[PDB]
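The data below hold one chain only, encoded as structure tokens and taken in the form solved without the ligand.
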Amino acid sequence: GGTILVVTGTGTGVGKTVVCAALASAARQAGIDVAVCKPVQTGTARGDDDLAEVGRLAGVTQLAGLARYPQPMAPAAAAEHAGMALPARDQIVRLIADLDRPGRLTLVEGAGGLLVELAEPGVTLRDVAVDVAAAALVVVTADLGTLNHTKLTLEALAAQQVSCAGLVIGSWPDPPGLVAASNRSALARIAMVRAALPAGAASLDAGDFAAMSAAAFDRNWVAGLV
């Protein structure tokens, strides 16, 4: 196989997708083949489609998904309101593992955060990450509260021996501001900060987003990913 990263966030709206896109883009630009798997998508009622954002921003075509729920809520809650179970632990793991292939970076995007139920029964992105032996790249914010949320997340990760491939700040504010500037220093004392995506990065066109992405991550880290 190749390298499987699960991409998780410290919450929702923290920039998970724009981060998958950005690393997919950067790794594509290093001649790495990228697949992005979003097993469970929610909020399709209002048009959430993270795989499509990825395809648009990053030109990834191996965009793989299992289920889509309309309600913009947690996967189990959306599934509840819709009357249909979540996927199985088995389809998630096998879907990801079949994606995996040597020379390919396979990015697995969760829904919300690390412990929200993704499959039946009660199985989380952390379990998935375990099952496929993937590290977790953690998307974090720059705002007040990120340090707790990040400490909590890395703790949860360590608890099941899921390695941490670092943090990405989903949205770097401009101007940074006292808190954000502080948090970036503080966050790097906890884990490697692979990039800080500028605020507004999700609105860029493909060509701009590609430039952004290549400039966002350390080139060697990216190339050293597979």
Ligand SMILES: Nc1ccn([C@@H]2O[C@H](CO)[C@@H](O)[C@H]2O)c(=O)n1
Contents of the next structure:
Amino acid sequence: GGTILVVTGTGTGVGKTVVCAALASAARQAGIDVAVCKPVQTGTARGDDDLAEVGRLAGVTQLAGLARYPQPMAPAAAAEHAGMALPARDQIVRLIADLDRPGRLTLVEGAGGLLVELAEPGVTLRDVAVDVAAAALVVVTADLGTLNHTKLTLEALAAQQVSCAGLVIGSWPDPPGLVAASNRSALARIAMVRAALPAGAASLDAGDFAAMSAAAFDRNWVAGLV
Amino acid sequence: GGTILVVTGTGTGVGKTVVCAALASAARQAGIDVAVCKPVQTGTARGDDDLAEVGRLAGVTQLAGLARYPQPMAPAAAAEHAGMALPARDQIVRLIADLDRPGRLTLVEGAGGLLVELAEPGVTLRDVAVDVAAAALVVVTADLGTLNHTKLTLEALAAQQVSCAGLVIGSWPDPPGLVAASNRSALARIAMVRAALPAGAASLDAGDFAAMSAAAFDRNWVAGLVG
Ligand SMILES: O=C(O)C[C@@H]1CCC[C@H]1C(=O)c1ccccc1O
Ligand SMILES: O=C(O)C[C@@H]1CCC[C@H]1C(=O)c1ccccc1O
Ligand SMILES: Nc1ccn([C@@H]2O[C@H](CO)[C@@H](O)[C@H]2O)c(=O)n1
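To complete the pair, please output the form solved in complex with the ligand; the form solved without the ligand was given just before.
Shown next: the complete complex, the earlier chain at its head.
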């Protein structure tokens, strides 16, 4: 059908959701129909709803999820705290495949890092990304330690023949700092860096956001995702 | 030869140095000769000296450095910034081989986290552990996101057939919360949790530290490391 990208990250709180929303905006503005699948969502007591933040920030309406867990833990932990299983792997891949269609960028968002359990039994976002012939975008920080997490994540993909559509620095500080400029350049030798989102971007109104996302990415790479 | 252990971590700041000293201390108390080596050491310009810190807390005398750099950054960076070079793969491996004796436990403390470049080009503590046929002791946190990071690390050890010697939680809070509880239990399900050192164990004095260490590790596991 169309193009299916999983948006993973080297960890929690590296900015997967804001980057998701940002690539989603950029894609829309390039005239691409965007869907966003978020199979499992946790932290729903705190008020977390990444599907909502993407609809709010980038205007996506095709916004698909299966399970919502109140506790702010990895899925498995929050499902065990609820007394409730996790969606089956079948539900996720079938959901994502229904979602996919030609001319549609379907973004697939996981929870935490690449190898966290999403479905039972023991299924990760890496597995889901295999079952739907999806490539992976990797959201990374600029903090001390990010190259190792990146290489680990980049290796865990290659080990399953999951393509790496590249990195995004979820949060770019102002001003950078020695460690941030150094990592940004070192990340660049490791893989193609597609964008570095200015810090605090997740609090912008939908207009400001669409500007930042318009600029942050590269017009040609975006448009060439058809 | 004897037993070589690389001590690595899911990243930086997870307790590698103190775990090195704790295994080292407990091993000494088990009658085991111990050397420790820090092939790459950054942060010297702010007094970072992990060999010295291991000598302090555990009393190991046999300490071997090799590359030292001022800035508190990854070795590739601290070396570009001081105009200096990264040591060569075979110089690291040589520093370790010179320490390896039968009956000796040799600990090789890494520089933040398993895939960090220690030597040009892209030479990691993993490649070293292959060269010297070492097992890897993986230092972890109990914090959020530690599962993913630990699995990625083990997965990277297993892809080069570097045997995992188990995990150590470098700082273990008292009392632990729901998330610390869930991770320690979840962690124990993917690999052997050799220990969970108490928080701030780095501020214990010689006596307290050795008591902590001996308590933290299964004496039979420690003694089983070198025959
Ligand atoms: O989606 C996020 O990364 C932020 C979420 C919001 C609540 C806990 C975070 C989480 O999901 C998570 C945490 C630890 C390990 C795996 C995880 O998936
Ligand atoms: O070794 C540690 O983790 C603590 C040191 C203390 C100074 C920077 C840390 C460091 O070494 C480091 C950090 C990120 C990447 C590679 C690295 O080698
Ligand atoms: N470029 C970026 C990246 C991330 N963020 C912040 O990171 C949070 C995710 O834990 C988001 O909720 C958001 O607060 C941000 O503000 N700007």
